[PDB]
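The chain below stands alone and is given as structure tokens, in the form solved without this ligand.
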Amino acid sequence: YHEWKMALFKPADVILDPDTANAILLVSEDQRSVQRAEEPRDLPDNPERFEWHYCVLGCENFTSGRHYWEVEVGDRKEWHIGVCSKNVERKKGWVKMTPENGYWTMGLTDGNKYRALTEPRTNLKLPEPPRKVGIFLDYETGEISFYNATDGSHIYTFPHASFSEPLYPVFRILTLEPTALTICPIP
């Protein structure tokens, strides 16, 4: 676990907002888990919804302060998570997931390639695959960090960002597989 960190970072109750979710995503009834469907649902235009990225956001954003949440990634072979700005482009095709486009994310491809989605990408070497990922956000200092949340081991912290928009938790899954992404409860 972590020591002085909790105290400094307020644990956030993150629930997924199905109005943002791409039509290919399946948000659970309790709004804690997201899975990918075999085929898109048929959903009318909604400014909130991601039409290109296979993305869903948390319901609430952050404009100030320090916050922590944990995401259970389990054995899923592909996922990316972090935060993004309120004002990202939700409609346009082929927008790269990068800080410059409003995303601060990391995760896994093909079960074994961990990356921080900087531009260019930063390749990460994990001594053990994490199953739960702790995300620490400090809005004012412009820091977002990722940890293995079960042993508390630091993985990666982005270069400083000066955030000038509200930030959402963001979750991306590209592939169809058995294990969902799940937001862990608070205490």
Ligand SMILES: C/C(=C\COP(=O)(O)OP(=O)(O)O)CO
Given for the second form:
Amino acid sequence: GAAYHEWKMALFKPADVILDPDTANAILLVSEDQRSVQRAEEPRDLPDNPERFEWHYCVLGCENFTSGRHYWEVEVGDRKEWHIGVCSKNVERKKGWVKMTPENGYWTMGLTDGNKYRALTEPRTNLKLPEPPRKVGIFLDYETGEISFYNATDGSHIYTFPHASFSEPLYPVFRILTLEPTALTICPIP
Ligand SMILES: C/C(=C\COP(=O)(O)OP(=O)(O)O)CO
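Can you return the structure of this protein in the form solved in complex with this ligand rather than the form solved without this ligand?
What follows is the entire complex, opening with the chain shown before.
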């Protein structure tokens, strides 16, 4: 099952994703090396910042993409809740209750309640993975509208969104809602 995944990684360019603290919801803590994020017990008290998510428990990478083919890997470990993918630069960061859907500028999938994998389509799409991933590969092909997710350990395909037509820069995006020991960690380029 790994053959195509290996071929795709050799084609797509490895992205060096560093988390941007100025975007992170106040309930989130970004590590000193900007490679991991954890949910805090209580929100931090920060001054006003137009980059920050006020409602979704989200953080972005520092760099966006407007063309090309890119790949990065996220260690999710045994964390029981997480959603990851990309989002448009112009998502509404200051508006309560926006649903994270492609129409609102998010292409994300992940895990909830320990064992329920979903793609964040409208309505949400339930997934069934034969094995729980510990590392997830995200593939972005801007020109073809491809945003794909793979189990990065055994190379199995997880989900690809309906072909998109991107018109805004895209950021890696990470969401965590629950308080638990395991953080979300970006794997660096070898
Ligand atoms: C409360 C919150 C996110 C949960 O949104 P939702 O409650 O709409 O559920 P989901 O289908 O997981 O997006 C803040 O990021």
